[PDB]
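Spelled out from the first residue to the last, the chains are:
2 protein chains.
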Amino acid sequence: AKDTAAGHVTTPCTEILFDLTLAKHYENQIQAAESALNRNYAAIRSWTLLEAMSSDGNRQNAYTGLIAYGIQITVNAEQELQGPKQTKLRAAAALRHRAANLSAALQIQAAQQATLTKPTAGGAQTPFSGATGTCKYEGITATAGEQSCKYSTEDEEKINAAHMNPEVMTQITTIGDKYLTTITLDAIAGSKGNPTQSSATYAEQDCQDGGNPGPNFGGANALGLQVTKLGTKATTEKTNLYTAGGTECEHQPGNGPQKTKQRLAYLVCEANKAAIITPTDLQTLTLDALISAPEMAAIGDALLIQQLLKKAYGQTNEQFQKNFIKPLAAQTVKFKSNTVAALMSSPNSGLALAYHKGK
Amino acid sequence: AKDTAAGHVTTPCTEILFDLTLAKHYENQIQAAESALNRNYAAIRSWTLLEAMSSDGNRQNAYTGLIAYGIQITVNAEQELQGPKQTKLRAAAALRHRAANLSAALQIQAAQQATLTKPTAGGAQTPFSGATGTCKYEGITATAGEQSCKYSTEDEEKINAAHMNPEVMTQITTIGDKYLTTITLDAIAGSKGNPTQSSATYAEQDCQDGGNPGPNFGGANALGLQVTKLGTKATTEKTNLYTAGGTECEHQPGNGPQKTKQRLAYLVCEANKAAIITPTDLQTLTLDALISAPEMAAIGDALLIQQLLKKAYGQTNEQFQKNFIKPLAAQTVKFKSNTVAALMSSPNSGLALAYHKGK
Ligand SMILES: *[C@@H]1O[C@H](CO)[C@@H](O[C@@H]2O[C@H](CO)[C@@H](O[C@@H]3O[C@H](CO[C@H]4O[C@H](CO)[C@@H](O)[C@H](O[C@H]5O[C@H](CO)[C@@H](O)[C@H](O)[C@@H]5O)[C@@H]4O)[C@@H](O)[C@H](O[C@H]4O[C@H](CO)[C@@H](O)[C@H](O)[C@@H]4O)[C@@H]3O)[C@H](O)[C@H]2NC(C)=O)[C@H](O)[C@H]1NC(C)=O
Ligand SMILES: *[C@@H]1O[C@H](CO)[C@@H](O[C@@H]2O[C@H](CO)[C@@H](O[C@@H]3O[C@H](CO[C@H]4O[C@H](CO)[C@@H](O)[C@H](O[C@H]5O[C@H](CO)[C@@H](O)[C@H](O)[C@@H]5O)[C@@H]4O)[C@@H](O)[C@H](O[C@H]4O[C@H](CO)[C@@H](O)[C@H](O)[C@@H]4O)[C@@H]3O)[C@H](O)[C@H]2NC(C)=O)[C@H](O)[C@H]1NC(C)=O
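As you go down the protein sequences, you meet chains A and A' in turn. A prime marks a further copy of an entry chain. In case it helps, the authors' numbering puts the first sequence at residues 30 to 333, 351 to 382, 389 to 411. In case it helps, the authors' numbering puts the second sequence at residues 30 to 333, 351 to 382, 389 to 411.
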């Protein structure tokens with residue numbers, strides 16, 4: 030089923046939730062990838078220490094092969110991350126920017142009741158040069174209390190990173206531009222008798238004189254207006270991410286002016302297409318992943351093919367784990389105390405290496 | 030002179046420029062620090078290759094000392110960056126969020142001319158139960174063309190990262206909240222004759238009947254209103270970053286409700302106080318910086351004090367540069389071609405290390 034999340038956007042608040050949720054999804058993809066690289070670099074420092082601490086030549090070559098393998102794949106994956114990272118961050122910033130815009134518009138569009146000021150009565154005056162009575166109001170205002178978006182359990186279940194994988198997203202839903210640009214209001218004028226510049230009794234926030242001025246045009250002559258409501262209705266719009274053929278982004282820029290929804294759909298499409306490749310996690314490497322890794326052929330040939355690799359790293363995963371993986375979190379190093393991996397990510401990392409390479 | 034940049038904020042557009050400029054300043058501080066770390070890690074990979082390519086034991090120890098020194102300071106500086114990074118990013122996100130808000134409010138507050146709709150005439154009706162004539166308008170709107178902020182040369186010279194060092198910043202200036210929450214308008218009603226529900230000639234966007242209805246209340250009886258302008262005036266406000274004593278952030282959260290300006294001032298204060306420590310640039314290391322570096326005492330003692355260091359790295363900077371710095375960009379490595393530093397940041401980094409450690 031496609032477009033579960035976008036198909037749940039029906040209001041300004043759910044567009045805000047979609048936009049923020051998708052931005053956080055892209056941000057989290059980058060953070061996860063960068064965490065995988067940092068873990069790999071921490072593994073490389075750990076093996077560097079173990080390589081300096083081993084006396085056996087072939088075991089030293091074994092660690093060196095893990096160092097070389099790790100450097101190759103992690104440097105490559107870090108370089109490869111840069112394009113997708115920038116593409117995804119471009120979309121996340123724009124989505125956050127849109128959600129801010131919409132939240133600000135929502136607060137203003139909630140200002141739906143006017144407070145009248147005290148008017149001033151006149152005769153003919155611009156823009157009613159032909160009137161015999163005018164009632165002029167300055168500084169009518171409308172303000173709402175602080176608005177907040179409330180989400181139900183299902184809003185948060187449907188508009189969710191779990192439904193934002195690229196394979197299920199074909200469109201975005203946005204609030205129409207009028208909500209962000211247009212003030213709307215209703216107003217009504219009322220007249221009774223012969224209102225003039227002498228209609229200067231203002232106690233009812235209108236212009237009255239004659240008889241007994243009072244509530245509900247109590248007086249003989251009365252003129253007034255009210256702004257009886259404000260607020261522009263939100264509408265929704267759909268925008269496709271892809272061309273009709275399905276591969277290419279719709280709404281590429283540079284082809285003429287675009288609306289906000291079109292610019293957002295383009296950025297979302299590109300961010301969806303910019304898949305991240307995460308390299309192997311070195312800290313949980315298995316024997317089979319190592320010897321079947323394509324980079325290990327030339328590395329093992331340089332240092333020692352798959353028969354040679356097993357000869358270096360173990361015939362089973364159990365002994366590979368014991369010799370090359372478990373020491374990272376379990377082997378203690380003390381000199382003048390910490391486990392290998394934490395030590396080589398600590399303030400004493402360099403000093404532990406110098407101490408053991410010199411000893 | 031303090032507060033050059035904030036003292037130049039006098040309008041919504043210059044607050045937007047300040048907020049975006051400061052966010053980019055914090056972002057650039059993080060990027061610069063991370064670039065310095067990446068350069069250092071690239072130096073460490075380069076020395077790792079040279080250490081594998083050297084035949085002399087003491088020259089191998091020399092490279093190892095540079096590796097150990099680089100790992101220590103760069104891992105430490107990377108760990109130390111994390112708190113300040115998050116503090117600065119918190120402020121940059123909030124400043125961008127505010128600038129978005131303000132730009133959206135600016136577009137709405139620019140909608141200063143109303144378009145009247147065709148009214149409907151009535152007699153007495155809510156909210157004028159006492160009127161004999163009413164003229165009711167639904168869906169009056171106000172919309173502006175697309176707004177943009179224009180900056181002068183001096184706006185960009187004063188509101189500039191060059192004036193945003195922590196030592197010169199004591200306050201921020203923000204637009205008052207009413208600009209973001211309140212619609213303001215002027216309106217006027219006009220009456221002539223005896224307008225009633227029969228005043229149903231609407232050609233002038235008012236209610237007329239009798240005689241010859243026409244422009245300027247041409248008819249005998251007329252009722253109408255106009256919204257003659259809209260728009261809320263921007264005002265500015267100052268908020269101090271520090272308490273009266275000058276050390277501590279003012280506007281710490283958790284002490285009661287806060288306004289937007291207070292939350293922003295707190296984040297800006299904390300981001301200003303969260304100074305980043307950048308480590309030595311390994312790729313341009315001098316001899317004197319190396320031997321005077323505090324970490325090199327224990328490292329050199331472990332591998333080889352300052353007399354020992356000169357013995358290992360050179361008596362002059364010229365020979366230190368030749369032996370340990372210049373080979374990074376100048377020494378070519380070829381096997382089955390690239391300079392050392394680029395090779396060890398390339399897809400063949402790991403393989404170059406394996407090849408030379410095995411040879
Ligand atoms: C969040 O909400 C904010 C607030 O509304 C949005 O911010 C607005 O974003 C739009 C789109 O990015 C901005 O419009 C752009 O404005 C720039 C600059 O325009 C000014 O400077 C130009 C020279 O630098 C000048 O040519 C312009 O003057 C022309 O245009 C005006 C208006 O049409 C016209 O009156 C003039 O006579 C000129 O003809 C102007 O002075 C402009 O460069 C951009 O142009 C590109 O895009 C449009 C639309 O695709 C296209 O027509 C062009 O051909 C060109 O390709 C564009 O107009 C706007 O200024 C922002 N408003 C504010 C207050 O900041 C923001 O987009 C929202 N974000 C999200 C993610 O939702
Ligand atoms: C950009 O512009 C946007 C749009 O205006 C700004 O977004 C607004 O930000 C403010 C401040 O962060 C948001 O207000 C917060 O709202 C949350 C959630 O409130 C709702 O949920 C609560 C439970 O989760 C509930 O208690 C709330 O109900 C109470 O409050 C309302 C309103 O006062 C009242 O009517 C109720 O009866 C209850 O008494 C509500 O349903 C809330 O948790 C926050 O409270 C903290 O902060 C306030 C002020 O410091 C303080 O009073 C509290 O004691 C508490 O410490 C806060 O109210 C607001 O919802 C956002 N609006 C929208 C549309 O998103 C944004 O801040 C701008 N950014 C920048 C950087 O300029």
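A few of these clues could be false.
Each pair may be met inside one copy or between any two copies, as identical chains are not told apart.
[Claimed, not checked] No more than 20 Å apart at the CA atoms, straight line, and that leaves these computed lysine to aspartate or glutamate pairs for EDC-like:
(1) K165 / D215
(2) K207 / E167
(3) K258 / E167
(4) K411 / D85
(5) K207 / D32
(6) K356 / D184
(7) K114 / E63
Bear in mind the hints are in silico, worked out from the structure with no lab data behind them.
Earlier hints that do not hold, by number:
5, 6
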